[PDB]
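Just the one chain here, laid out as structure tokens, in the form deposited in one PDB entry.
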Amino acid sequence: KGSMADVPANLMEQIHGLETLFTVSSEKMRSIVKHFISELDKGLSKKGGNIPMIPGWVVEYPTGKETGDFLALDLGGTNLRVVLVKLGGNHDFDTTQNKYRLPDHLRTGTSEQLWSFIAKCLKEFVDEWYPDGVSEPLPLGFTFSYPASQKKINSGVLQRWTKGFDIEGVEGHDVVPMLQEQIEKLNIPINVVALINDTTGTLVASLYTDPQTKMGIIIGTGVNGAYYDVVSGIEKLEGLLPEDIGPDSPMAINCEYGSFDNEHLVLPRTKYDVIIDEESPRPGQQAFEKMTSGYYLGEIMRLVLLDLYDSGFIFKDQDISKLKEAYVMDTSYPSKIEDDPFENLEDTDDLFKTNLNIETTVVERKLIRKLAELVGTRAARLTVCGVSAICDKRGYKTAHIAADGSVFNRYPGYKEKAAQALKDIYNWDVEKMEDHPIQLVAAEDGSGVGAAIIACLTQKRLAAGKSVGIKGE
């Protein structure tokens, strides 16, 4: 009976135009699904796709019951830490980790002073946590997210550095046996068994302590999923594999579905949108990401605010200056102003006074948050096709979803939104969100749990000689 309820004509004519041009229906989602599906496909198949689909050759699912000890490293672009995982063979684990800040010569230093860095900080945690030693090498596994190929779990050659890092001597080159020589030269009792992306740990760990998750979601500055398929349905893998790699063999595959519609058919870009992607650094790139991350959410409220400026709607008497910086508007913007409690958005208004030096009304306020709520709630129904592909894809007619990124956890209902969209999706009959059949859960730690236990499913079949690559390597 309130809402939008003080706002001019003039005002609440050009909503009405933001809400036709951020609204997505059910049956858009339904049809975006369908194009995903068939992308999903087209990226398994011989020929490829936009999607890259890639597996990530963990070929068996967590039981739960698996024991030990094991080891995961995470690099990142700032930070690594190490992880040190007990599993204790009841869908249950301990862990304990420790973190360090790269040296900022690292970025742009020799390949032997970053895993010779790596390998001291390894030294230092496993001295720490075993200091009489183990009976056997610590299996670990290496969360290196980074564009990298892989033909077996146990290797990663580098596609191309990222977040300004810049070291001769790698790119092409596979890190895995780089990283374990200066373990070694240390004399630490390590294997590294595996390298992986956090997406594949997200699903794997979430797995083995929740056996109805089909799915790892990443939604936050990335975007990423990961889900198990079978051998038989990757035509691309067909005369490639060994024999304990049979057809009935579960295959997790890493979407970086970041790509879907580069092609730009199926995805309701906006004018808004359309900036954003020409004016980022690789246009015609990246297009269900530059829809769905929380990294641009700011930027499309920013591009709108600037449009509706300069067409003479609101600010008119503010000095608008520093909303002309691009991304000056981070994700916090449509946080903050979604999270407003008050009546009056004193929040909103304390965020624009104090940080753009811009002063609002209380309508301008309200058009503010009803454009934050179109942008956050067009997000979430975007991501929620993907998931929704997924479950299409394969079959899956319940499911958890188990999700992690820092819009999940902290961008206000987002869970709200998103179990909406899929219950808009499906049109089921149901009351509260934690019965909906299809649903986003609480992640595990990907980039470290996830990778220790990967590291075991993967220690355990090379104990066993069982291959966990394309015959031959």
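Here the rigid core means the biggest group of C-alpha atoms that line up within 1.5 Å when the two forms are laid on top of each other. Numbering follows the first chain given and starts at 1. Compared with the form deposited in another entry:
Only one of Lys397, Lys271, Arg101, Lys316 has its C-alpha shifted by 2 Å or more between the two forms once the core is superposed, and that residue is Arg101. For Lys47, the Cα coordinates differ by 2 angstroms or more between the two forms after the core has been superposed. Comparing the forms between the two forms on their rigid core, the Cα displacement of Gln285 stays under 2 Å. The Cα position of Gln159 differs by 2 Å or more between the two forms after fitting on the rigid core.
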Second form
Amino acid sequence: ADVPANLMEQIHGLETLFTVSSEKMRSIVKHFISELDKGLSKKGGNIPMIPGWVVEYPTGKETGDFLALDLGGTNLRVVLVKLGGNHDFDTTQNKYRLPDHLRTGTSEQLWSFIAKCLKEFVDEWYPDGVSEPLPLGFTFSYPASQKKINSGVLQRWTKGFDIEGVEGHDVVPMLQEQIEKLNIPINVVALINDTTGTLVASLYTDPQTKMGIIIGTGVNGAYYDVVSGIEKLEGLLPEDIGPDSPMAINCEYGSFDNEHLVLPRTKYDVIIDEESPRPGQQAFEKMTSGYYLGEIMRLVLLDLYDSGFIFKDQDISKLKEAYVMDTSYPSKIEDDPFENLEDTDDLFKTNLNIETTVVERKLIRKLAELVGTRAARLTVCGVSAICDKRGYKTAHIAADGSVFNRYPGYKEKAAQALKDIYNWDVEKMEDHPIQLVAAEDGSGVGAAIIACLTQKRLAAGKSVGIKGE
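Moving from the form deposited in one PDB entry to the form deposited in another entry:
Shown below: the chain alone.
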């Protein structure tokens, strides 16, 4: 199969629509820097820039036993972390099904069950008893605000959870109360977002870590800023958190560029946005999340069908369905090792009921590569904005999420993206001054380490939040 001229011209067209140059990346990074700055100076810039209330770097010399509680859709995960003091740690964990009848929810049965689980865990791993109370970090992945690290006021339940009387209430004393009633030796000392945990856990084992990044269905970034650079906290901070203090920031930068000033959206991206549940929101996420990569390809193929280029005489009644193509499509297609692209052929015939020619499959494959590479290039603009804003010339960027972990070539695409931005003369990725590395476990390990850092301050009578809180 040699690609017909009319189809080659379309592929060149797709390349012009979807490729992101070095220079464009650099202009996007520049806008991203002042949007991060703006989020730090004011409540409600499009980038939240949420203080995470971690005000020290882990040194890697911390030792001792620390717990984490990771509360999930159908599971509660309880993690014990043993910190070895040399950037090292051992871990063990249990998961507990949350019972059917109490997601539907009394606040007090929810916490009694979480407590009963922690009791079971503590009795199994400390059968002789614990000398001292174990500090616990709580990854609580539901909309919440906190004015100190040892607090989480739930804005709203999510994910089938409908428990009355939790919303508008701090969950920490609710949970702490049931722990005390069971006479379990645990204190709940921190509530975090998982990405904040991804940064701190990775930094403990890897001191070059300068950022924790999630690239999945959702996108998030966390890094350490400095207090003198967080204008929106001026007048709010107690005496022992001064201008020199570090501050962990949970970015929530998915809303970056909602104004649509800098992202190179194509007509296909504009459709995804208009058709989404929230047009004009989540702009950066829409352009980088693995969730939309298949819908992008679908709209493109449908457009080429509609203009006469491809799928002639085919049944497009499945192709016409929004979100029929999930992230597994560009993923499988990029992974297709066959010269004649047989995995691509199977996917389209079987799932979409479309028979393809080899030349169509070559176009489809080129398109998957374009969409995936674009996603990665835009993601690293977030990475480069944090680094450039903070004057980090070298960095380990601790990454997680189903896209970073599972999408074909993702790490090679990101690394080439950084290398083009900074224009390095370095042959191999492993040697890039700024590189993406596999994160440590954020929601588990990360929470327990944060619980460690927080305890250092509390034990000292030192503040971990806004004055008078």
